[PDB]
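J.: Chain by chain, the residues:
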Amino acid sequence: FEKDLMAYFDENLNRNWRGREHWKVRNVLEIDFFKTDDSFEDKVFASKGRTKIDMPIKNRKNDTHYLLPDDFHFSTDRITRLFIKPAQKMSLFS
Amino acid sequence: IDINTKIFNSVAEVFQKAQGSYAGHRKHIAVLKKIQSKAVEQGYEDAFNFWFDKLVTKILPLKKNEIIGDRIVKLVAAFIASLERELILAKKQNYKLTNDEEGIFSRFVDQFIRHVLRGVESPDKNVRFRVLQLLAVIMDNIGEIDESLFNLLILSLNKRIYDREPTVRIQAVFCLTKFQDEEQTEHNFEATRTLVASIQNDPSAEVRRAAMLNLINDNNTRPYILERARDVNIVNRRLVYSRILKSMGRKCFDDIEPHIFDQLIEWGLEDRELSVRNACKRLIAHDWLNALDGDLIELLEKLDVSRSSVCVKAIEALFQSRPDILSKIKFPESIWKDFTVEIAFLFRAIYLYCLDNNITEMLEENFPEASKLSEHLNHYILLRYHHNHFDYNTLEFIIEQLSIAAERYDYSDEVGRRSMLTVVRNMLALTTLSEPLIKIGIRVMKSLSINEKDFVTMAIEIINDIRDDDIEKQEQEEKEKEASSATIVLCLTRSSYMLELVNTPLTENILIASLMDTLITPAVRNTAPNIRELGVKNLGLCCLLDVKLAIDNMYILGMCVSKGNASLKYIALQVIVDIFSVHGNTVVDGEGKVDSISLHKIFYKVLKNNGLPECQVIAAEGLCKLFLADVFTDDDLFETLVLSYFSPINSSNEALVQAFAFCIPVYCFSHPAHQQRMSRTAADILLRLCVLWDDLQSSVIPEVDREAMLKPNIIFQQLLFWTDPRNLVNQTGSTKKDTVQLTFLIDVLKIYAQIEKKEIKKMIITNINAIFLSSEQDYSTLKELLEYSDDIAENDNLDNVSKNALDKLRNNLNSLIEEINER
DNA sequence: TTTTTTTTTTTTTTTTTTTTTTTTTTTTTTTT
DNA sequence: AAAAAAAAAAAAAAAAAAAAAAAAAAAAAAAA
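Residue numbers (the authors' numbering), protein chains in the order written: chain B, 386 to 412, 458 to 524; chain A, 7 to 193, 203 to 403, 412 to 502, 567 to 910.
Hints are not guaranteed to be accurate.
Unchecked claim - Listed next, the stretches of chain A that the computed footprint assigns to chain B, with coverage defined by at least 3 CB atoms under 8 Å from CB atoms of chain B: (1) 14-22; (2) 156-163; (3) 211-221.
What the hints assert, rightly or not - Just some of the chain B residues that point at chain A, by a computed CB distance under 7 Å: (4) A392; (5) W408; (6) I514.
Hints in this document: simulated from the structure, not taken from any laboratory. We put the CB at the ideal spot given by N, CA and C, even for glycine.
Construct all of the structure, not just a fragment, from the sequences and the given hints.
T.: Laid out in C-alpha cells, this is it:
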C-alpha cells in the first residue's frame with residue numbers, strides 16, 4: 386500500500402484513461463527486375479471490378495473529430511488524497 | 007533495333023543501376039538529361055513518355071518499406087526538379103529559355119500525370135500508393151498545369167482522401183498540400208477544407224500526422240491545427256510541439272489568442288506520456304528562450320503570468336534544463352522598490368526551486384535576509400490596502424508571489440520570524456483582503472510559527488478580531568448584536584484555510600471548538616447560499632479532526648445532500664466521502680449513527696441523476712475511493728457503479744467515465760478478493776446490460792441516440808480483463824490456482840439462456856476463449872464449464888462461427904481435463 | 001590537387017497500434 | 001422467374017511492422 390504499488394499503477398494504467406473504448410492490455459524482396467515483357471500492364475491497370483477500393487460511408491466522418499477528451503487526470507495522487515484537504519493522504523488499501 | 011529500343015536500354019540501365027545505395031545521382035540525372043535532350047532533338051517524345059511509363063510500371067507493385075523503388079522515385083523527382091531549376095534559372099538574368107524547355111516540361115507533366123492517374127483505380131494497394139507518391143513528391147516542382155488537368159487531379163485526390171487504405175491517403179494529403187497558394191475563406204475544389212475534413216474525420220492516426228504539419232497555418236486554419244494537441248495518437252501530440260510551434264517560434268506570442276496559449280502548455284506539461292512532456296519542456300526551455308535572445312523577463316511578459324497559473328510548472332522546465340540562467344540572475348538592491356509581476360514571479364520560482372534542490376550557495380548569497388523581504392512585503396501590503412500604474416490586480420499578484428517566497432523561508436533568524444509574523448498579522452487583519460492572498464497568508468502564518476498550536480491561536484486571534492471589528496460598528500452606528572453577512576463570509580474564508588492546515592485532534596485545541604460553537608454551527612443552520620456552502624465545508628474540515636462531530640452532523644449532511652441545491656450537494660458529498668475516507672467505518676452502522684442503507688439510497692439518488700453532472704462525478708470518484716479503502720463492502724452498490732460506468736444515460740459525463748476508467752481497474756488489480764467481488768457482480772451486470780442494449784437496439788425514435796453503450800463483445804472482453812487472475816499486482820504464485828475467471832465464464836453461460844436477441848448470443852459465445860487455461864485449476868471449476876459447454880453445444884442450435892469458438896473451448900477443456908486425469 | 005565541411009543517407013531502439021490470419025455469413029453477379 | 005458464387009464485414013487473436021530520434025559514411029562543392 387505504498388510508493389511501489391502506486392507507481393506501478395501510475396506507469397501501467399497511464400495509457401488506460403480514455404474510458405469505455407480504447408482500454409489497453411499487457412500492463458527479402460530485393461527485386462532488380464527491369465527487362466521487357468509485352469502485356470504486363472493490364473495486370474496493374476484495371477478497374478475496380480468487385481474489389482471495392484474506397485472507404486465505407488459509415489466512417490468517412492466522425493462526430494468526436496478524433497479528439498482526445500478533456501483529461502481529468504485521476505492519477506494515484508488524486509486518488510490517495512482527500513477533496514477538502516489536499517495535503518493529507520488517507521489509509522490506502524487498509 | 008531502333009531508337010525505340012536504344013532509349014529503352016538507356017533508361018533500363020540508368021534506372022537499374024540507380025536502384026542501389028544512391029550512388030552517382032549527379033551522374034544519373036546528368037545522363038538522363040542527355041538522353042531526354044537527344045530524344046527531343048530527335049523527336050520521339052510520346053515514345054519517351056511511353057517507355058518512361060513502362061519502366062515506372064515495372065516498379066508500381068512494390069509496396070511501402072522497399073528501398074529499391076524509393077531510390078528511383080526520388081531519381082525521377084530529382085529529374086523533374088532538375089528541369090524546374092533549369093527553368094527557374096532560365097527566366098532570370100541570362101534568358102536561357104531556348105530549345106523550348108517550357109513546352110517539353112508542360113507536355114511531359116501533362117502526359118505523365120494522365121498516365122499515373124489512369125492507375126489510381128487499380129485494386130492493388132501498391133500501385134495506387136506509388137502513383138500518389140510519385141505525384142506527391144514531385145507536385146511541388148510541377149508548378150503550373152492545365153485547368154482540366156487541375157480538375158482531374160483535384161477530383162482524383164478528393165476521391166482518394168476517402169480511400170480505404172491509409173498509406174495511399176498519406177500521399178493524398180501530401181499531394182493536396184502542395185496545392186496551397188490561395189486566399190483562405192470558408193464557412203469541393205478547395206484543398207484546405209478537404210485537409211481539415213481529414214484532420215478531424217479520418218480514422219487513421221497517421222493521415223493526421225501529414226495533414227497536421229503540411230497545412231498553411233494562417234489565421235483561419237490554426238485552431239484546426241492546434242486542437243491536434245489533443246489527438247488520439249501520441250506522436251501527433253508530441254509533434255505539435257516538435258514541428259509546428261517550434262517552427263513559428265517568436266510569432267506564437269502574437270498570433271495565438273491567450274485562451275489557447277494558456278491551454279497548449281497545460282496540455283503539454285500535464286500529459287500522460289513522457290516524450291510529449293519532454294518535447295513541451297524542451298520547447299519552453301530551448302527554442303523560445305534562445306529565440307527572443309535569452310531575456311527571461313521578456314519571455315515572462317509574454318507568458319501572461321498574472322492570469323494563467325500554469326507557469327509555475329513551465330519555469331521549472333527552464334530550471335531543470337540550463338542552470339546558467341539559474342546562476343546568472345541576480346537580484347540587486349535597486350529592484351525591490353520597483354517590482355513588476357514577472358520579476359516577483361521569478362523570485363518566487365527561483366527561491367522555491369532553490370529550496371527544492373537545497374542548493375546552499377544561492378540560499379547563502381544573492382538573496383536578502385528575512386527582515387528585508389518582510390520590509391518589501393509590508394511595503395506592498397501598505398501600498399495596496401493602506402492607500403488613503413499601481414493597479415490592484417498587479418499588487419495582489421506581487422504580494423502573493425512574495426508570500427509564496429516567504430512560506431518556506433529560513434527560520435534561523437528570530438528577527439526575520441518576528442518581522443514576517445508582524446507583517447502577516449497586519450495583512451490578514453484587513454477586511455478588504457482578497458481570497459488567494461488570505462490563503463497564502465494563512466499558509467505563511469502556519470509555516471512561520473513554532474508549531475500548529477501557535478498557528479491555531481494566531482488565526483483564532485485574527486478571526487475573532489475581525490468579528491469584534493464588526494460588532495463594534497454594529498453597536499456604534501445608530502446615534567441586533569450579531570455580525571453581518573459579509574463579515575461572516577470573511578471570517579469563514581479565513582477559517583477554511585486555517586483548518587485546512589491543522590493536523591491534530593481537537594481535545595487540546597479548544598479555540599477551534601469555541602470558533603465552531605460561535606460561528607460554524609450558526610453558519611450551517613443559516614438560509615443563505617454562500618453562508619451554508621462555507622458552513623458545510625468548514626464543518627467538514629472540522630469533522631476531519633474529530634469523530635464525535637462527524638457522527639453528530641452526518642445526518643444533517645445526508646439530509647442537505649438529499650434535499651438541496653447544486654453547490655451544497657457538491658460540498659456535502661465531498662464532506663461525506665472525506666469523513667468516511669479519514670475516519671473509517673465508525674460513522675455508520677451503530678447506535679446513534681446514521682443507517683448506512685439510507686446513505687446508500689442517497690448515493691443511489693445522486694448516482695442515477697443525469698441532470699447533476701459534477702455531483703455524479705464526485706460521487707463516482709468518492710465511491711471508488713471508498714471501495715479502495717475497504718470501508719465500503721456492499722455488493723449492490725458496486726453493481727450500480729459498474730452499471731453506471733456502462734449505462735448510456737451516464738455517457739456524457741466524461742469525468743465520470745475517466746473516474747471509472749482508472750479506479751475500477753485499481754480495485755480488482757490491487758487485491759484478489761476485489762476481483763472475486765467483481766466476478767460475483769459481473770454476471771448480473773452482463774444480464775442487465777444485454778437487456779438494455781436489446782431495448783436500445785429495438786427502440787423506435789427518429790433520434791434514438793444509440794451506441795452510447797458499447798457493443799457487448801467489448802464489454803465481455805473488458806469484463807474478462809478485469810476478472811483475469813494474471814494481472815494481479817501481487818507477487819503471489821498461488822494466483823495461478825484461482826478459479827475466478829472460470830467462475831465468471833460459468834455464470835455467463837448460465838445467464839446465456841436468458842437473452843432473446845440472436846446477435847447477443849453470438850458476441851457472447853465468440854469470446855469465451857480468452858480465459859485463463861493452464862491446468863493448475865480445480866476439478867469442479869472445469870467440470871461445471873465442461874457440462875455447460877456440452878449442454879449449450881448439443882441442446883441449442885448455434886451457427887458455425889459460434890460453434891467454432893465453443894467447440895474450440897471444448898477441445899482445449901478436453902485436452903486440459905485429460906492432462907488433469909492422466910496423473 | 002588533396003583538404004574541409006555538407007549532406008543526406010542509412011543501420012540500432014522503442015513501444016505504437018497497426019496490419020494481417022482465419023471462419024463464417026451476407027449481398028450484389030452470371031446464365032435461359 | 002431462378003440456381004448457383006465469391007469478395008466484404010465482423011470479430012478474436014497474434015506477432016511483428018514500423019515511422020521516428022539519433023549516430024556513422026560515401027559522393028560532392030569551395031579552397032589555398
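J.: Given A392(B) was flagged as interface, is its beta-carbon under 7 Å from a beta-carbon of chain A?
T.: Interface hint status for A392(B): violated (11 Å vs cutoff 7 Å).
J.: Check, residue by residue, whether the segment 14-22 of chain A contains three or more positions whose beta-carbon lies closer than 8 Å to a beta-carbon of chain B, and give the verdict.
T.: holds (count 4)
J.: Are three or more residues of the segment 156-163 of chain A within 8 Å, CB to CB, of chain B?
T.: violated (count 0)
J.: With a C-beta cutoff of 8 Å, work out whether three or more residues of the segment 211-221 of chain A approach chain B closely enough for the coverage to hold.
T.: Coverage by chain B holds for the segment 211-221 of chain A (6 residues, Cβ < 8 Å).
J.: Can you verify the interface hint for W408(B): is its Cβ closer than 7 Å to any Cβ in chain A?
T.: holds, 6 Å
J.: Can the hint on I514(B) be confirmed by a CB-to-CB distance to chain A that is less than 7 Å?
T.: Result: holds, 5 Å to nearest chain A Cβ.
When the structure is compared with the earlier hints, violations turn up for hints 2, 4 and for no others.
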